[PDB]
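There is one chain below, alone, in structure tokens, taken in the form solved without the ligand.
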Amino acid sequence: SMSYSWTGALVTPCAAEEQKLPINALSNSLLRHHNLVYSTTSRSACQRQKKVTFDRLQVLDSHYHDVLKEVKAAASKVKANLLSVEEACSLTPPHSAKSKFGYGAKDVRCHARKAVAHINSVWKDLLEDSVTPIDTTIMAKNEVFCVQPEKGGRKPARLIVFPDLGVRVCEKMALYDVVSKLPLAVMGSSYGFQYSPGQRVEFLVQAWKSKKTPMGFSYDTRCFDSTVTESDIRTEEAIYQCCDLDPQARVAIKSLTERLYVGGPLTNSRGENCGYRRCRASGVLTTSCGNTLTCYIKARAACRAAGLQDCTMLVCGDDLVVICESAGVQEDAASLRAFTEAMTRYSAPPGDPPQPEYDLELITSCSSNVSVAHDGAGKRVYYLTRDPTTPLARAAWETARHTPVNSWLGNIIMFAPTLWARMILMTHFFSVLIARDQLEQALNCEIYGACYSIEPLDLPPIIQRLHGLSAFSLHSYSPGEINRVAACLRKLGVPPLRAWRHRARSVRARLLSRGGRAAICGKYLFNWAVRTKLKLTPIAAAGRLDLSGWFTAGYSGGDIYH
């Protein structure tokens, strides 16, 4: 059972693709080593195709089946509703790929007659045809990274596989409620997407502290999407059907599973047949939910096979962290090898073998880690951070070129308490917005895969709500974090933190002079940059912000607008 078969046709672009960071005075002011920053393009698609193509052998055992039974029992407590066409239309992002059948994202969002008529015809066809594979488009993702020569140079492009816009709207009708409720119901505190960054830190810190002698590890499955088998995807369907569902939804979910999720033909942007998929599609509504459920089932079963004592797991799609009670150094190393053997039998072998970790700050969940800073009183504060390299490279790219969705705003929100988000990202982007007369304009960004429209001037109350007032006053960061940031600035050619402090003082002054929300940005976001501190008190506006649903479920690849 090969994850893919190929015809030899190329994955083609639908537009020109810039490969290197363009030179632009504003982006250059953030980072000057532009030759290190690149975007993946269709040019490397063949390299990715080779990597993700392999035979999957799967041997399921009693632990696997015990866990699946638990999961189906928990799922039976869930009730999920159908969305109306109108409700589903409104979940469509303004930048969503146009339909091959004569309408676009804008038409769907306005509930245009041509779009709605087609969507209805697709739904009708899901009800009437349970078997014929649905076409998908394969594209090479353009994502920005910094080169790491000591690791292999450049990453090849990820491949995205997605059905037509009409099908995507139907997926929401049938499954939006399911994928929004089911993972939480099934795995409880282990479902990572239910947590804000602060809540994730609280979860990890308590898991660590509760152990006599904690040991943790991350498990990196190699090409997780390709390891997901046809039986895995059919098992996901059986799990969805455990919910209380509307009769039409039950038929549509089965049709979507057999005709789309389980596999199907891959077409390039030129309309040529590229091959056939028999694994997870990365661009469907169920990608995040399915990966999370399947990773959880396999991992929980593998924890049992591995004899891991008192296992606490946090799962976000294909991303897995486990914290447990240590049985000794040799014992732990052996247990982790047995965990890997079990995951492998379940079809999911690792890229690099996992390693036992005994220091909390080294535990990595979704490319992030817990670190320690201090508040005003010498009190230790735990917060979530990450290596700033990819955030900084992407920020530079997004300064030089307009992109429909901006990673920098999401990063500022997620990583507000960090040394680097505060001193570099906030300073840079307020300076850019001021320079371009764009301070008052809402921007699209992504949180857990879902797209949101956010006004930068609302950052202070948003940050207060999510991270608390201390996020504006943390100091005395860890030696490890300070060193990691410093190495990153040297690598990328980013000005030193003391330079950013000077720039921040100027930006702060300009913001204060504007009054209103801008003055609140100057006051709260940049208090770190002045020697004469202002007293930061709860922002009146913070209480009224909704923030409902921001950190509730994962939708990466799901084409979701909130």
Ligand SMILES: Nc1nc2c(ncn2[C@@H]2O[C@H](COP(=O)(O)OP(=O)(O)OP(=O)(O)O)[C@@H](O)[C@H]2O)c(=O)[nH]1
Given for the second form:
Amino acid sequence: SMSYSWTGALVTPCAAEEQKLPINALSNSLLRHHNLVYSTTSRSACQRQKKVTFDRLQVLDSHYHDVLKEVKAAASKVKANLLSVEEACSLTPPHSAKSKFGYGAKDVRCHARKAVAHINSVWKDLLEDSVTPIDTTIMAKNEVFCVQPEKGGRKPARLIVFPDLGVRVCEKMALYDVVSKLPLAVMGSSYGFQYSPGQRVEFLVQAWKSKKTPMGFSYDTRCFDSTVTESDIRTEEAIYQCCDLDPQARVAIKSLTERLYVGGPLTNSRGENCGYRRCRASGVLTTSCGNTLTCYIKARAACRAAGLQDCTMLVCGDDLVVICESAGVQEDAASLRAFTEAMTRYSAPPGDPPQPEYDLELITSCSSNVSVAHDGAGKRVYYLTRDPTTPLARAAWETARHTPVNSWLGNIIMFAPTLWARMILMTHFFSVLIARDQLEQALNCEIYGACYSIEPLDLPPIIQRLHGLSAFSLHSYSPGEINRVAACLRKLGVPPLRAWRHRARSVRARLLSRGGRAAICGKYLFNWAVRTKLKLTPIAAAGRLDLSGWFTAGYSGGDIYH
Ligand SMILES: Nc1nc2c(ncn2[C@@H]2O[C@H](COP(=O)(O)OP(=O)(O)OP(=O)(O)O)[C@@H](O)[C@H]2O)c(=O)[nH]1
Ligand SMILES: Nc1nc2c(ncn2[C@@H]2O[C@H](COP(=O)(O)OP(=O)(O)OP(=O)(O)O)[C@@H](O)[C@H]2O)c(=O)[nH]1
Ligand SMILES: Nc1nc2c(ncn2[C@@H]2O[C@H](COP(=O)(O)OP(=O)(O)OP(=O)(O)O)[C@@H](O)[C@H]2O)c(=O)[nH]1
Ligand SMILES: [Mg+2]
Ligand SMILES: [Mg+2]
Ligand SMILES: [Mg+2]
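Form solved without the ligand done; form solved in complex with the ligand now:
Following is the full complex, with the preceding chain placed first.
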């Protein structure tokens, strides 16, 4: 059972693709080593195709079946509703790919007659035909990275596979409520997307503290989407059907499963037949929920096979971290080998073998880790951080070029307490918004795969709400964290922190002079930058922010706008 079969046709671009970071005075002011920053393009798709194409051998055992029974039992408690066409239309992002049937995202969002007509016809066809494969488009993702020579140079483009806009709206109708509710019901505290960054830290720290001698590891499945089998996808359908659903939803979900999720033909942007998929599509509404469920089932069963004691797992799509009670160094190492062997039997071998870790800060989940800093009183404060290389590289690109959805604002929100987000990202972007007179302009950004419209001037109350008041006064960061930041700045040609402090003092002064929300930004975000610090009291407007639904479910690949 090959994940893909290919015809030899190329994955083709739909527009001009830039490979190299453009030179721009403002981007260069953030980082000068522009030759290290690149975007993936369709040019490397062949290399990706090779990597993602393989045979899946899958052997399920008693542990697998025991866990599946638990999951189905949990699912039976869920009630999920159909969304109306109108409701689903409104979840469509302004930048979603247009339909081949004569309408686009804007038409969907304004409920235009042509769009709604077609959507209704697609729905009727899902109800009447449960068999005919639905077409999909395959594209190469254009995503920005920094080169890492020691690690093979440049990453090939990821491939995304997605159906027509009409179909995407129907997926929302049938499954939006299901994918928004089911993971949590099934795996409880193990579902990672229910947590804001601070809540994720709280979960990991308590798990770590709860063990007599904790041991943790991350498990990296090689090409997770390709490892997902037809039977895995049909099992996901069986799980969805355990919920209390509307009768039409049951039919639609079965049709979507057999016609779209389980596999189908791949067409490139030029209309050429590229091949056929028999694994997870990366650009459907169920990508995140499906990957999370399937990862959880296999991992939980594999923990049992591995004889791991008192396991706590955190699962976000294909990203898995496990914290358990150590049985000793040799014992733990052997258990991880057994865990890997089990995961391999279930179709999910690792890229690189997992390694047992015995320090909390060294455990990396969704490219992030827990670290410790201190508040003004010397109290330890735990917070979520990560290596700043990718965030800075993308921030540079987004300064040089207008992008539909900007990673930098999401990164500031997620990583607000970090030394690097505070001193570099905040200083940089407020200076940019000041230069361009864009302080008042709302921006699109992503949080767990869903697109939000956020006003940069609302950052302080947002940060207080998610991270607490201490986010604006952390100091005495860890040696490992300081060193990681320092190494990154050297690599990328980013000015040193003391230079950013000077720049921040100027940014702060300009914001203060504007009064209102701008002044609150200057006061709270940049208190670290002045000699005589202000007293920061709770921000009034904080409680009035509607953060409903932020950090509650994963929607990567799902074409969701909130
Ligand atoms: N994690 C989790 N497990 C659950 C949940 N609900 C039920 N289970 C477990 O799932 C297992 C299978 O469920 P059932 O087959 O319905 O349990 P049963 O009806 O008593 O039948 P047996 O378990 O086979 O004896 C049970 O052992 C439960 O402990 C849940 O909400 N979350
Ligand atoms: N499964 C999946 N993950 C994606 C996709 N796009 C971005 N990602 C992210 O990529 C991560 C997986 O990266 P890796 O474990 O490094 O594997 P990889 O994507 O093949 O990249 P390499 O390490 O170069 O092999 C996931 O955890 C996601 O956070 C996607 O379309 N599907
Ligand atoms: N289509 C699709 N996109 C995904 C999936 N998982 C993650 N993504 C998106 O891929 C983009 C890049 O993923 P990131 O979370 O930044 O991970 P990354 O590109 O490997 O970069 P690092 O985490 O820093 O290593 C983000 O916008 C994610 O929302 C997926 O399963 N399908
Ligand atoms: Mg992986
Ligand atoms: Mg230790
Ligand atoms: Mg990554």
